[PDB]
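Asks: Residue-level listing of the chains:
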Amino acid sequence: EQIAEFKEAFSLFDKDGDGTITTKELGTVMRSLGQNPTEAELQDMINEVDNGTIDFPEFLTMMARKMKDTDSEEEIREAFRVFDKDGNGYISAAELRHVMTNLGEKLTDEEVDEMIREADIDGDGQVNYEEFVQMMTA
Amino acid sequence: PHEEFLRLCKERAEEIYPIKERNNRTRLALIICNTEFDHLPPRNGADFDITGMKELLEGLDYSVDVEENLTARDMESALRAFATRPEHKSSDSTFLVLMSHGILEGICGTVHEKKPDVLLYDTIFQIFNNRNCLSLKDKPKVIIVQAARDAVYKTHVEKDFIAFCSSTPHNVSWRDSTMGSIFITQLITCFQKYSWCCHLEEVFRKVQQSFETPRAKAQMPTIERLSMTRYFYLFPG
Amino acid sequence: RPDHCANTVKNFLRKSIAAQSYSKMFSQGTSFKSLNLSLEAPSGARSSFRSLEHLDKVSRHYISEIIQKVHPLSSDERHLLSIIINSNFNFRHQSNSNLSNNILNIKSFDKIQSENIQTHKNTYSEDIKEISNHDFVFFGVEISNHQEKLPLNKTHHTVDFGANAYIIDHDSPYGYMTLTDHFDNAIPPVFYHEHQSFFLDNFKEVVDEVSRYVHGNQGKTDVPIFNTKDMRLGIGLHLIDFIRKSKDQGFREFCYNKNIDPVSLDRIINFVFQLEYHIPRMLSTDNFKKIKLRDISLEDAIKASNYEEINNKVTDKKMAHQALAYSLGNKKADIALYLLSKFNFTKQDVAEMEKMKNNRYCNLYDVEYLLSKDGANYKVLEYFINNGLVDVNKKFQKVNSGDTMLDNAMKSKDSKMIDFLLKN
Ligand SMILES: NC(=O)c1ccc[n+]([C@@H]2O[C@H](COP(=O)([O-])OP(=O)(O)OC[C@H]3O[C@@H](n4cnc5c(N)ncnc54)[C@H](O)[C@@H]3O)[C@@H](O)[C@@H]2F)c1
Numbered sequence: 008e009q010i011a012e013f014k015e016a017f018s019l020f021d022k023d024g025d026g027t028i029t030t031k032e033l034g035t036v037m038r039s040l041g042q043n044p045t046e047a048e049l050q051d052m053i054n055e056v057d061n062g063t064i065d066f067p068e069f070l071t072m073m074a075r076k077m078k079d080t081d082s083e084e085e086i087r088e089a090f091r092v093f094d095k096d097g098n099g100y101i102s103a104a105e106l107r108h109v110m111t112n113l114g115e116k117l118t119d120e121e122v123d124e125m126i127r128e129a130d131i132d133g134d135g136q137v138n139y140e141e142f143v144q145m146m147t148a
Numbered sequence: 110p111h112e113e114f115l116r117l118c119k120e121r122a123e124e125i126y127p128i129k130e131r132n133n134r135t136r137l138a139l140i141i142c143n144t145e146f147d148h149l150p151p152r153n154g155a156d157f158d159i160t161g162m163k164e165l166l167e168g169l170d171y172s173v174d175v176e177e178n179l180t181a182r183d184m185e186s187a188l189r190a191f192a193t194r195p196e197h198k199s200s201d202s203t204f205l206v207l208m209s210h211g212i213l214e215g216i217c218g219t220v221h223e224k225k226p227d228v229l230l231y232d233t234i235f236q237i238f239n240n241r242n243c244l245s246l247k248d249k250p251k252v253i254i255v256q257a258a259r289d290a291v292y293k294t295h296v297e298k299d300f301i302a303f304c305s306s307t308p309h310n311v312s313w314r315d316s317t318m319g320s321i322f323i324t325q326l327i328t329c330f331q332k333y334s335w336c337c338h339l340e341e342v343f344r345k346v347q348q349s350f351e352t353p354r355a356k357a358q359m360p361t362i363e364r365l366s367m368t369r370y371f372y373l374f375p376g
Numbered sequence: 051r052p053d054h055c056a057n058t059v060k061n062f063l064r065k066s067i068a069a070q071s072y073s074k075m076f077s078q079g080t081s082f083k084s085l086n087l088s089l090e091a092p093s094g095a096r097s098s099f100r101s102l103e104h105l106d107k108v109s110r111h112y113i114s115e116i117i118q119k120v121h122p123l124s125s126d127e128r129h130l131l132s133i134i135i136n137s138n139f140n141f142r143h144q145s146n147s148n149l150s151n152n153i154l155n156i157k158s159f160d161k162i163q164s165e166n167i168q169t170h171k172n173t174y175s176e177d178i179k180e181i182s183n184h185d186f187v188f189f190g191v192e193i194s195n196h197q198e199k200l201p202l203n204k205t206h207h208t209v210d211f212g213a214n215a216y217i218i219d220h221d222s223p224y225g226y227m228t229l230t231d232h233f234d235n236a237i238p239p240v241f242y243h244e245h246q247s248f249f250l251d252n253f254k255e256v257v258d259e260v261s262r263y264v265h266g267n268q269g270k271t272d273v274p275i276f277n278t279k280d281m282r283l284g285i286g287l288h289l290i291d292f293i294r295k296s297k298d299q300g301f302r303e304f305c306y307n308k309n310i311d312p313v314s315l316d317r318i319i320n321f322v323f324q325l326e327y328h329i330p331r332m333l334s335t336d337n338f339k340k341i342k343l344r345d346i347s348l349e350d351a352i353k354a355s356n357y358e359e360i361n362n363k364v365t366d367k368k369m370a371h372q373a374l375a376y377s378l379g380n381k382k383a384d385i386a387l388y389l390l391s392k393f394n395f396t397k398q399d400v401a402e403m404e405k406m407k408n409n410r411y412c413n414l415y416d417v418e419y420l421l422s423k424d425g426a427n428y429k430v431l432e433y434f435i436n437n438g439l440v441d442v443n444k445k446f447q448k449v450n451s452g453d454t455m456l457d458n459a460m461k462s463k464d465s466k467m468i469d470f471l472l473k474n
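Residue numbers (the deposited numbering), protein chains in the order written: chain B, 8 to 57, 61 to 148; chain C, 110 to 221, 223 to 259, 289 to 376; chain A, 51 to 474.
Chain B extracted, bound-state conformation:
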């Protein structure tokens, strides 16, 4: 879903005011909005206009494609429940450490510690992922 549109960013490269930009400045407009598209991805979506201009209705549909929606809250919760066999709603720091150290993207051991300390507010060594996700999303 979209509420606030990217018309202002599109308008900066709209030289004539006709509502179109050249295809070469497509990646520039997206990068100005935080989206970094690959040259290969820029070309396959350029094929939509087969002239060298891109209109805002076509650009607006391009942005929604590479939206990269952040992980939803329930998607966060399910990610924690797959590392909890007992179903008690708790994960030990070591269990969380073994997960993050040996699974997923490789990070430095100091990054894993700063994350575990951030999750264990109590200091008891146990992490209640349910309370934390409910605490972060509010």
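The set of hints was computed from the structure by calculation and includes no laboratory data.
Some hints could be false.
Claimed, not checked - Below 20 Å or equal to it, Euclidean Cα-Cα: the simulated EDC-like pairs (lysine to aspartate or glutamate) are: (1) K78/B <-> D160/A; (2) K65/A <-> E140/B; (3) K204/A <-> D315/C; (4) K340/A <-> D219/A.
Model the placement of chains C and A with the ligand on the given structure of chain B, informed by the hints.
Replies: Structure of chains C and A with the ligand alone, referenced to chain B:
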């Protein structure tokens, strides 16, 4: 310049201040610096300011007594103890370098905030006025201050004074310096270059000219309470 | 796909840490209260993602402003903006400490003060209260699309922060950018610029115009804040605004050169602005570049607790005298105890230190004065008093003449030190 010193003495004998002979000359200087406060930010980098000022004064045959981190009552007592020093009756001048967090009324003590602890600028002149301090009467009394952020009796009792105040609102908020303070750095710099071919007031004006940089233009050292009836010439030896 | 859930958890925790840092900044910042960009204090110990949301919102605000100020864009301005948007950044952190060990681990002032790690502290009390950016690691910004030697610039706000420069080439997903230092929004004059020769020899009027307060629409104290998505757009728009305001047609023609080289672009950027990038909490990575810009001094190696430079420099006991004096003067009690363990100091060593006019502290202060100035050196004092190196009741002769270590202890209000002096 030794030949010029004799030349300036005879040319202007009633227009310049007298100079004691190097024998039987006990010229004293006092440096009062507050770098660490109880309820105020510390003035870091003062180790350089104290050093650069102690060397320049000693290079001018001044015995520097450095006092550091004194409350206002101690600073007042130190100034009174510096005026009662019998070694000033054998001198021609003196220098007062007080460096601390200072409001417009005066310099602040270490304990100073709701509770006040300030040495009023006027109190320094009273301790060294021509009535309370006769040992330095008719003698130039320089006062250099580095602060952060009838009444006709005073016109007559306060003689032979000169102040060169710096009120840069640094407050470790400008937070842009290289191993010391700009005012002290430029003051030493101008004293190295223009002190041999100018009198004391010219050297101060030369320092004010240095602050012509766009961001450092309003950082003008203010001259205050000038009470000198003669031109004070410092000679390089 | 179990790894995907682990990556989800990792991204969630990184986002949480960033939210904490930004909540600290926006809630404990008084300048944020003057403007209406202040945030609520978290009732819980942690903070929700609202802080992060706030950041985004704040970003848009400033973007909006500058857009409305310069929305009619010339072809030259549009081409320059297109150049800036497609430019990548190198982020540089200078230090006199060893932060790399095949892994770069830089930490913020808050995290350092938390673990009580020993190092030099360049943030001050006023920055912490007014901005509260002390849970962020700070970097200077350079253009990265070049083949020249990587440390292009070495001074941020006319300040050299160390010989060891650590450079990263990847943006942080939760860092924020300011056109100047967040606390000091003043562009210093060209007199202090590292690359003054370029602008002085090639340009004329911009030399006077560059010294300014980079502010928003609310006033001088309004320091524009951007996030990683809006960094390049805001930087380009503010650069276009400055170039349009300027009257040196040579500077405008040089900036609007359609085929401008990246080194000249970086010159213009680090001249007109002094970009500053901020990463929450700590930066720990394996992709970094370390460049030793110069040699470090003994005092600078001690203030930064650089044990290896200290071990390289302190080879004899005269160097041990110098190092002990510098350690006392900088409250580096850890380095002082390390030196007392490596070398044996006696009363003769203390006397030779008192005769040491090359050292600033020993020239100004007595050894006893340095031992008793701050409580952070208490243990050293203990070692000096219990082993006979320094005589209690010694009356100071250099600074604060006539006083004793008991008086400095009274001034420090450190109960342990006063008690130890009273008992001995
Ligand atoms: N450094 C650089 O380059 C810069 C840039 C820009 C800016 N700056 C400035 O500066 C200031 C601050 O400083 P710095 O950045 O350096 O930070 P600080 O606060 O001081 O803290 C931190 C420190 O410590 C260390 N560290 C880190 N990490 C660590 C560990 N792990 N250990 C030890 N040490 C350390 C570092 O180096 C620094 O010096 C701020 O305010 C500002 F922003 C800087």
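Asks: Hint by hint, say whether it matches the structure.
Replies: Status of the hints after comparison with the structure:
no.	hint	in the structure
1	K78/B <-> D160/A	violated, 33 Å
2	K65/A <-> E140/B	holds, 16 Å
3	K204/A <-> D315/C	holds, 16 Å
4	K340/A <-> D219/A	holds, 12 Å
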